[PDB]
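Let's start with one chain on its own, the form solved without this ligand, as structure tokens.
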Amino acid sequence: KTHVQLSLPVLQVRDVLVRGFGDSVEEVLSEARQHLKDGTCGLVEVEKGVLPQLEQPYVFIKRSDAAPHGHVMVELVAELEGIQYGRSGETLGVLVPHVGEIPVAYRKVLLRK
């Protein structure tokens, strides 16, 4: 399927144990997609002071359209030293590995895969 319904655990930035997906734009997009498929991907909501506490390159989920079955349609955009790889809508948050942190909420998304 071109899209997959996912419920992403929303993590507090200070709880996150693994603060990025790797060391290159291509690697972080690769790893983000693998973790989304394996159900091992978390979401951190972006506010003042969040991104400097995480590791670049960043992987964002961005709204790709204006929400089937309550799932917002999203795609992946990476960012490294202020340059983004991909073009999309509003940021829903930054993706990180999930390694058993307790979430505060869930974010239902339809991931363009």
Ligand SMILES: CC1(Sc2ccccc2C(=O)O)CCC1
The other form holds:
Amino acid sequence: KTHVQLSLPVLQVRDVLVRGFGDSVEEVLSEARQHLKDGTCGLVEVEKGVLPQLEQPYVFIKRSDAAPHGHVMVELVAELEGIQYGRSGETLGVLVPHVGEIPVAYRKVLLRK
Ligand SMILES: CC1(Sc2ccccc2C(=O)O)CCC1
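Instead of the form solved without this ligand shown above, give the structure for the form solved in complex with this ligand, please.
First the chain shown before, then all remaining chains and molecules of the complex.
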């Protein structure tokens, strides 16, 4: 399938134990994709103060289209020192490893795979 339906647990930035996927744009995009498959990927919503508390490179999910079955269509866009690798819509948040943190909510997304 080109698209996959996922329910991503939304985590509080201060609860997050592992604050990024790695050290290169190519690595964070690979680890992000792997965690999304193993269902070990969380989502932190981007506000004032949130990105400085997380490790670059960032991986964002951004809106790719305007929502089958309640699931918003999104795609992966890494960012490193102000440059993004990818081009897409509004940020739904930043992806992080999930290692058992209690979510505040769930975000239903359709991921281009
Ligand atoms: C990481 C995809 S692939 C995927 C994701 C979750 C569950 C199953 C699969 C699969 O390929 O079968 C979404 C990012 C590319």
